[PDB]
Amino acid sequence: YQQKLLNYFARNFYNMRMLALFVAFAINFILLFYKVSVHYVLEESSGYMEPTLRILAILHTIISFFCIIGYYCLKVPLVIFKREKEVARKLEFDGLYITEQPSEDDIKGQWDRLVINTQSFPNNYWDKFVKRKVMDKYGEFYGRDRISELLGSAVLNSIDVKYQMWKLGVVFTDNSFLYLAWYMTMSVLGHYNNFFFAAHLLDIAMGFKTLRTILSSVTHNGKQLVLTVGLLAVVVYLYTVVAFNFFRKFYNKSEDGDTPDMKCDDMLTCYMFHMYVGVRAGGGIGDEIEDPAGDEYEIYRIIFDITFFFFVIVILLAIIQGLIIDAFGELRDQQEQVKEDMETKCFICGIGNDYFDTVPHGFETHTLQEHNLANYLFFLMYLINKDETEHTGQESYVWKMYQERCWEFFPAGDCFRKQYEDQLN
Amino acid sequence: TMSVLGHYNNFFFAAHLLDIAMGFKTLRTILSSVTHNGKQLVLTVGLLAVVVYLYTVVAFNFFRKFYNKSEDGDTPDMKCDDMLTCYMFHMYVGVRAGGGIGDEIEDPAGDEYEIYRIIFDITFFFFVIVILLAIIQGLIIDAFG
Amino acid sequence: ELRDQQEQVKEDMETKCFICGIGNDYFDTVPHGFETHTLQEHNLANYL
Amino acid sequence: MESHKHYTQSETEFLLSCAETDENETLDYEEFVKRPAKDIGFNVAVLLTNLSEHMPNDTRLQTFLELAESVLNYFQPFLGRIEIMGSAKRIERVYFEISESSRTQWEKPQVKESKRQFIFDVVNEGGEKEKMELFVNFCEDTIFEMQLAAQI
Ligand SMILES: [Zn+2]
Ligand SMILES: [Zn+2]
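If you read the protein sequences in the order shown, they are chains A, B, C and D.
Positions 4485 to 4521, 4556 to 4670, 4694 to 4966 (the deposited numbering) are the ones given, in order, by the first sequence.
According to the deposited numbering, the second sequence is numbered sequentially starting from 4726.
According to the deposited numbering, the third sequence is numbered sequentially starting from 4871.
Positions 4051 to 4085, 4089 to 4205 (the deposited numbering) are the ones given, in order, by the fourth sequence.
Pulled out of the complex, with its shape left as it was, chain A reads as follows:
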């Protein structure tokens, strides 16, 4: 019953993931009708709102829990597959823990030691003859026992622990698991205060697809945006330096004259003034300042104002908007490139749609019957489930290469029609 329940949660991960969102929209729609006299509720003459909030707050934590369980059942095995696979290939074909012994950098490499000693290291990768291969390939040049010491309704009573420390250290570094942990944490805090459910509206980004393609426009060049903001801060610093030296007296932001003076006489007040009402004014800094009607420093102040305008308000904001717009153009050009490549070339060979389109519908046969990605995947799916005794000559010629990573059996610059052009051949 436990396994059927876990398979139910794993099979229904995305549905619950989408259900939490409608729950949060409902909660935050109810929260619009809040008030004070202390943070009471006053409805439009309907007292069925408090209990709906009280139950939905519980449902949200429960569904967050079930989504975490679905993630542990469904998607964690795939990242574990990848880690075990890369570790095994590093052992065989690179010799990591025998010869290289990696840096204190590459913390994955330092963490991925205590799986080596265990029994169920290849729990998921489906290659059990790993340790035998390393004993074969390094049994004599480095050691034999030196290798072996390096390597080797009643359900809840006997299980390993050396593996399930490495495993948890992996998953707690996994990004999406940490995100769902934050989700559960905020829903748990939602009962201490029923405003913390507002933060679960940020899951629309991960949920919807096209919204992620909106926000990719900003994420594509976030580094450049941040450094532009840094440039802005530096430029404003220079302007306030000039003002603090010379133009201190114009910055009386008091009321009408013969009043006490609220002034920017320091530097740390002038800087926050400039970064708070200088960029955020639409016009610059002269809008929020006493006018220079007949001063010796008039033209210098006019230069200060319009240069602030033409360097901060116009230019750098335009740089921001341009980085966004170039992001849109770049992503579109990428997708057009992939369409052109997969319409002009076979993925495998790299031949061209001119040798084939000689014949009618040549390329749409090459990429639908002969050289399909899928039929090259199902061959591996066949070989894996098959035994090494029932292999033919072709399957064995391929299986010797797969488990030693040559890839010459894939074609390249050649095909069946190029070989046997029907020319007494």
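Hints in this document: simulated from the structure, not taken from any laboratory.
Cβ coordinates follow ideal geometry from the N, Cα and C atoms, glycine included.
Careful, some of the hints might be misleading.
[Claimed, not checked] Pairs of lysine-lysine, BS3-like flavour, derived with a Cα cap of 25 Å:
1) D:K4182 <-> A:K4603
2) D:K4142 <-> A:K4959
3) D:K4165 <-> A:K4880
4) A:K4941 <-> A:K4651
5) A:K4600 <-> D:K4084
6) A:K4519 <-> B:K4790
7) D:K4182 <-> D:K4161
8) B:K4764 <-> D:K4182
9) A:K4959 <-> A:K4886
10) A:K4927 <-> D:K4091
11) A:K4593 <-> A:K4708
12) D:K4184 <-> C:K4880
[Unchecked claim] Between beta-carbon pairs, the in silico distance windows are:
13) D:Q4129 <-> A:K4880: 26 to 36 Å
14) A:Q4876 <-> B:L4752: 21 to 31 Å
15) A:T4751 <-> C:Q4875: 46 to 56 Å
16) A:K4626 <-> B:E4831: 46 to 56 Å
[As the list claims (entries may be wrong)] Here are some chain B residues the structure puts well away from chain A; computed CB gaps all over 10 Å:
17) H4732
18) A4739
19) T4754
20) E4796
21) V4820
Following the hints, position chains B, C and D with the ligands against chain A.
Here is chains B, C and D with the ligands on its own, set in the frame of chain A:
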């Protein structure tokens, strides 16, 4: 139907000016720039509404007292103490101000929550006034291209 | 403009040898022809 | 059994003569696991497909394939063909078997999205011999996804 209703009132003939789109050709190629990515524009407006909701949540919890939009002092208080008034306030004078929300609010001259309010203001600016409006304009421009 | 410039240099150095100006079609007849022409035979560095 | 296949001593009443198992004027459903046959018919289809694809322009053989179209139509979903560079420095077709619990897992769900993202990342980043390694790693990861999706 609108021309028939034009006799009940002779202002309903104004709606037949919208046939210039279907009539002219190049005007349809103007408006295709907007129609090419109307889905993306609408979802951007949705993102905007969500972000403003988070900002007014923060304001309703902490910064209730700055929002006295009365006349000079010693006057009755017109205030945004609820949530549904603060949300319409933010979506009505917060994006539609050119500067954000600090322009239409009492100034924090010597409060314990000063730097937090300054962060609230400039982050509103740099996320709503600049960024999302730029996304709108960029969707249009990429449509042309 | 700057982005299109960099894309142009990638296209040129993926479609042509810098020295000859032949094409990645005479060579890619053979497996990994162009990535031998520009790594063993006609390298800038071995000409330096 | 009136509509699918016709009615002879050798087509319909053949099965009724085969189906004389019980005694209560009824019949079980073990006839179908008894009849098993597609394990042989698959290899026959592979054989005839091999001969046609390698030796065309033989009307003697096209006369034969016109007799067997009802079987080849059955086994086209289950029948693969790729092309490899054999030991003899010559290209070779490789015919093999495809299941149904793979075709009903590569087709509909999110793995199409995975394929799309894979092709995107490859054809943008790219490489010399860090291409087919990426394809094989994608195939392995996808295989584990399909196997786990079968475990339900
Ligand atoms: Zn091909
Ligand atoms: Zn060359």
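Hint check:
The hinted pair formed by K4182 of chain D and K4603 of chain A meets the criterion: a straight-line CA distance of about 19 Å does not exceed 25 Å. Taking the CA atoms of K4142 of chain D and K4959 of chain A, the gap is near 13 Å; set against the 25 Å cutoff, the hint holds. Between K4165 of chain D and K4880 of chain A the CA atoms are separated by roughly 16 Å; this keeps the pair inside 25 Å, and the hint holds. Pair hint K4941 of chain A plus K4651 of chain A holds up; C-alpha atoms about 14 Å apart against a cutoff of 25 Å.
The hinted pair formed by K4600 of chain A and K4084 of chain D fails the criterion: a straight-line CA distance of about 43 Å is larger than 25 Å. Proximity of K4519 of chain A to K4790 of chain B is assessed by CA-CA distance (about 14 Å); at most 25 Å being required, the pair is judged to hold. Between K4182 of chain D and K4161 of chain D the CA atoms are separated by roughly 31 Å; this puts the pair beyond 25 Å, and the hint is violated. Under the criterion of a C-alpha separation no larger than 25 Å, the hint pairing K4764 of chain B with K4182 of chain D is inconsistent with the structure, at around 41 Å.
Using a Cα cut-off of 25 Å, the hinted pair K4959 of chain A and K4886 of chain A holds, with the two alpha carbons roughly 16 Å apart. Distance check on the hinted pair: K4927 of chain A and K4091 of chain D sit about 19 Å apart at the alpha-carbon level, within 25 Å; holds. Annotation: proposed proximity of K4593 of chain A to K4708 of chain A holds, straight-line Cα distance about 13 Å (limit 25 Å). For the hint linking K4184 of chain D to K4880 of chain C, the alpha-carbon distance of about 18 Å falls within 25 Å, and the restraint holds.
About 29 Å separates the C-beta atoms of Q4129 of chain D and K4880 of chain A, a value consistent with the hinted range of 26 to 36 Å. Between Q4876 of chain A and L4752 of chain B, the C-beta spacing of about 29 Å keeps the proposed range 21 to 31 Å intact. The given range of 46 to 56 Å is broken by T4751 of chain A and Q4875 of chain C, whose C-beta atoms sit roughly 31 Å from each other. One distance hint, 46 to 56 Å for the beta-carbon pair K4626 of chain A and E4831 of chain B, holds here, with the actual separation near 53 Å.
No beta-carbon of chain A is positioned within 10 Å of the beta-carbon of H4732 of chain B; the least distance is around 40 Å. Interface exclusion of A4739 of chain B from chain A stands, the closest Cβ pair being 34 Å apart, more than 10 Å. With 10 Å as the threshold on Cβ separation, the claim that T4754 of chain B sits away from chain A holds: the shortest Cβ distance comes to roughly 19 Å. Remark: the non-interface label on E4796 of chain B is consistent with the geometry, its nearest Cβ contact in chain A lying 15 Å away (cut-off 10 Å).
The beta carbon of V4820 of chain B sits about 14 Å from the closest Cβ of chain A, which is more than 10 Å, so the claim that it is off the interface holds.
Checked against the numbered hints above, the structure violates hints 5, 7, 8, 15; every other hint is satisfied.
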